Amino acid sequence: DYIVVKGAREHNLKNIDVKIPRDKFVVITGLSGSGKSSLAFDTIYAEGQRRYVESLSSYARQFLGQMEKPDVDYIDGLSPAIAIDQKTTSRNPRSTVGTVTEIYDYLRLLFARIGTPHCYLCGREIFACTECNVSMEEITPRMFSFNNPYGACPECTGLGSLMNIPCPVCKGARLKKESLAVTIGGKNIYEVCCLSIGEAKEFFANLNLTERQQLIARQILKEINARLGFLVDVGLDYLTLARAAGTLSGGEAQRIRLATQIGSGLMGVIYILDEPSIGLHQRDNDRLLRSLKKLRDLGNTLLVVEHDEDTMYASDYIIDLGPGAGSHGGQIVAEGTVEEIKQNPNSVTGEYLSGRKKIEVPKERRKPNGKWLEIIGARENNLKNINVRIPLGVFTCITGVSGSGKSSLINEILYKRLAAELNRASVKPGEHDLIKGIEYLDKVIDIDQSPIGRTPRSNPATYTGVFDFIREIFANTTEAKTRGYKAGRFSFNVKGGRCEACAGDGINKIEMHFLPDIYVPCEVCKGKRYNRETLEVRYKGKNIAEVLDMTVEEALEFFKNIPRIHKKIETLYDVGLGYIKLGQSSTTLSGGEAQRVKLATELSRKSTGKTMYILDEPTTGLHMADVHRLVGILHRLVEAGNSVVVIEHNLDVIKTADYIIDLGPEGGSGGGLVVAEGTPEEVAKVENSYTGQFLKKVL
């Protein structure tokens, strides 16, 4: 009844042991990069998945790949583990929302059972019609499926789009003309799938059937209603069953997977979730928590990595890691219920939970200086031809419920148009007329969690530009002048100073007969990426490799004398990356580390006062202290004369914003409008706004 883990030394874990209770709601918390995500996914999920995959067939196990064995002594009390995260892929066009949620099969069964046959030539009711003289075969569930030759459209082989343009025959219905003739309640299968989830649930609720039809089709109706209710309680009440799976975002895919797992009813499975509440409005938090509790009540163990206060208060057991990040983290500081953590004096989460540390609402807010950005005729996706004014020089937050269209309206329209107008891009913008006020801006930079590189030749030091200064100060030493060296000698990108064996990468590729490529450190350079002649030069007792190896915190004291390097190192420390090292490969950096590197690079630049920054959910996977630091950094950037636009669902970040734009009042076809605009105080006075109500409650 316990999951005993001993000798966990994965990544930065400091040889810790823990006993996680089974069949309970367990939440893991900690600072960003403190090792909680590693401790969960790389140890427990990896072991649970491997112990089940290895027992399967040899062909399937090899096809799925060989998961790396975690550095753990022994794990006791383990079950097969399923991980849900925002890591979806396009996969294939054959899969849609209905197929993933396993409701299309029930729809096919219902249409085969109580469907009403019809003639596609004469339009009358029917197994043959005396008017059109056409004979039809027996009704089977296989006919309504587009994955079989009996029902798939012959022109587009049941894909709905010739390889992409829509199929002219079925117009994307993915089914034969004869199959679509069968209609239930005046709507065929395609029309039912085209409806929204809530609309479909309402239609099924009030559907009228005869006594025989109700008697024969009851379990199917019950299952369909239960699955639709699960989907609604999850939060995706605006989606359509006919939507392709690839087009869904990470959060939508994760929530769909959660709903499918709830519907399946699997028992004795360890579920590991990575921030289920991300990309979700505050009003859906209670429903999400209820859904999580319902999933747990099926006989499953829940391991949720969430920093939400409501999730903390609704959990059974909380495990806190820290007290810092990187080399300062990897230890269990607090453990117990929420009350024990709140009373714990050495817990980072408890300090914010008890109210000792909190984000203070500013007493003064900036005002626009007559410069505005106007968007005219925004009609992309569900936008109802609205016009929005975005003030310049202030901190602007775009709020609204999920599916309101804020992410599309920002990313696919404003950022694309600004990039085309300023950076001379080659990407088609969204459906809009024109943008007024572009001349007030000079450049636009988008900050996200995408990796900063794909090769080991890119490092945070090189990205921030401090590597050039380091090379110059190394070449300015007495030894370099004596030996006639150049500033480019101390670089792993130009031949002459780097090691020729690994070409400056520091690693070598070894190919096995029946195994994938394995990367090992270079033997000639011992992973130092430099030859002996270059490494012979030392400045202040340290060489170039030693300088690259040390962390930002050590570099702060080491480079106190040089002001130009000191400024960049101080910026990197202020963006919260004091534990990282300058020589770390960009391929190993996480999303948060890459975002912090980009923020530090933007801060170090000489702002001209005509720069616009766009951030899409910057608080993904961030603790309360990380949120406070990010708010401070954003406020500093705004005070630097630039403009910041952030799409955020966190109330703490929202309450500190200067301008708020609300999109709603619902999601999907029910949204795309503008509800409230202005300062947070003004928005809090709007009655018909959920964000306004939550802001009024917070303030």
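So that the term is clear: the rigid core is the largest set of C-alpha atoms that superpose within 1.5 Å between two forms. Positions refer to the first chain, counted from 1. Compared with the form deposited in another entry:
- Fit the rigid core and compare the CA positions between the two forms: of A503, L556, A425, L109, just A503 moves by 2 angstroms or more.
- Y313 shows a C-alpha shift below 2 Å between the two forms [criterion: core-superposed Cα displacement of 2 Å].
- Put the two forms on the same core and the Cα of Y519 is off by 2 Å or more between the two forms.
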Second form
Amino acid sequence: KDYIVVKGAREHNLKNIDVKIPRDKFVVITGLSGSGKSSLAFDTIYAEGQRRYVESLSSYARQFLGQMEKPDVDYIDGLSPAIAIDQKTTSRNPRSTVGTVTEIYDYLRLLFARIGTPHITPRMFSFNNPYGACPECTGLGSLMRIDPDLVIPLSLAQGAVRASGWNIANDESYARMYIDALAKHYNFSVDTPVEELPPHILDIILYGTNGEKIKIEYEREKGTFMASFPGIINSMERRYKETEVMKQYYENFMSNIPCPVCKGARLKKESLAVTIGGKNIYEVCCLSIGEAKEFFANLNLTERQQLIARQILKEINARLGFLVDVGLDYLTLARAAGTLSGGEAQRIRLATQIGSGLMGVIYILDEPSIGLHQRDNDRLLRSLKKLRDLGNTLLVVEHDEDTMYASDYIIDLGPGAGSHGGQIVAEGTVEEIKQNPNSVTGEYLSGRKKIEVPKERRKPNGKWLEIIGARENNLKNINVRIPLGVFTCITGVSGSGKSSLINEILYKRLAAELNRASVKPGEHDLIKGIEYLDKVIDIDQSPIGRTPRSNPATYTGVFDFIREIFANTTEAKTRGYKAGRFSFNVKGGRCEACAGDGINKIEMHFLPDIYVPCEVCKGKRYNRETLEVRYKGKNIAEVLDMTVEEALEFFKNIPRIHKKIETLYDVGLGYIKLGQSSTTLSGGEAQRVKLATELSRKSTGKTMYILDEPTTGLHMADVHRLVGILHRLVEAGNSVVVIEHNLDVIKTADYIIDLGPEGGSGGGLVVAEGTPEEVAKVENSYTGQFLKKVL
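Return the form deposited in another entry of this protein as a structure block, the form deposited in one PDB entry having already been given.
Chain only, nothing else included.
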């Protein structure tokens, strides 16, 4: 009725816990990273609600949506349909923009049709219908095409065509025999240079024969057939239109340009003649949300116009107010939804959900406050509480103190992670958790544990990285200086351009200069001080592997030492074994039946592929003869089965393994097991693995680390550990640059660069620079204002 009773929850590492979540209330789930709160929420409640709603729909719709796996839960009662909002974005299609996603373009079209004065039909203003879409660009506004300068950057035999699937290097490839047939038809030499080729022949080859029929001969068996040359450009365009990695690869060689006729207006030349208050539809859509709302509020109409357009104006004002209160007062209604970050997309989805007014729906949010400045926390909390107040329930998974102080109910898991977590430690109001003596969240909220402000701060040693003439996006031609050898943190409000300035300019230029990559840096003049750097490393939450053949033991490189010490035993020496025998990636020591994968594929008549453990090897991925070899009473499979904490004690007598295992333990991965597949690892686990690998390396003092919000989905203890690890890395001799919005991390940094003073058009500048104490003295700085009370 008024509760969500869950019994027998055993998904992932949950230790058969029973919980009662009050309905129509603000509920937050807390715990350490990997403690199972994310599993308990998403894999149980969201999955059960989505399955219960989908299975009751039409058969075709259910088949299209797929067959969701049934969670390992006894029974759940009082479960309304669940909608999950998380930081995930897709390119999707160019047809969708911010206005269409937020469902305000329809209201704008209705208003323009009803009251717009021509210089009147709602479908005339839409670019998704032939009645309004521009004839040339088909309502897209961007004539995407592949320029000839990129297809042929040398004769054909030297590798002129760099496009995938058109490599004429192979003699028997389709491209080779098509080129041979074309050369036979047009009587030209393939080995002739492209520049020396006649323009007509080159144009015919590039753009095809335009439907002309030619004879093509193919040899395996021999035969002949009649067909036509489609052309490289036409085939690439058709492949692009047929269907995200392939889309990104195709768009890499593309050259986006504005439509020559509509100039990106996406509409016919006659639809733009209708204006409201001196601004047509495109000009209104080009304004930022705040100024558009101000213009709508200040708009003056006659009595008849006000009576005929009251409801549309009220709806537009309400939606714009919701969007502003969410925090996106800098975005434009005409901006493409594809070029949006995860936090911006999540906030837009939240605003749309608030505007829709759906009732009786369980809402689950995964860290809505990440990627958002501290000044917008109150607005975000007010929006969340309004969404709850409209007749819904919230299951936010957050680790922010303000969220705990604003939430009605708090559920805490733990007390550790992995095999030590998965059970509820404490629950109730914030006061009850604060008074609870066995809760980590209560301990960190009551002041028992805290992050201390360092007494001594490092200073630059005379090495600086100067970026000159940065003008990409909203950057107003600013020059910044990043000291080398100290912990540098870059702050600023959302949309100020810090993320672009770092990721798409500094990292790309450093990679091109040092790692010898092939990327296009952002619009800037030059970078000074690169000679002081030897390598650039970027650490993110991307998975460390896409195959089941990768595990942390191999990634950290400790598996080589483990195999060496295994082969150094007397049994392997007497049996003539090698260090490579104890590996599930090379034939000789792996199971032959399962090919070392450990699972087998079974095909059903009317079901997808089902995987079961291999019968002969029992999932140990090794043959019996190899497994007979034991080192100190444990075989290779048992060693792979140990966790990092146990491996620390087991391998304490071998320094070369002990150092790596201790690094893995210190980066907070003491609950993980060496045999875990890299595919099953989460973002935090992958980031910790990368940090451990970086720590295990021998630093030369000329390395730069770039991190983009490393505190995503991290508890207070995790933040403390990450701060300690970053300080250790800085003290090693390298330099660390972090884009952070967390005050706890910010206050421990040695240098702070602030970008503001606003977001969007008003941003792109530099407000404050120096140590946090110096930045706190700047009056016109939000970060300084917050650090004034934080310190």
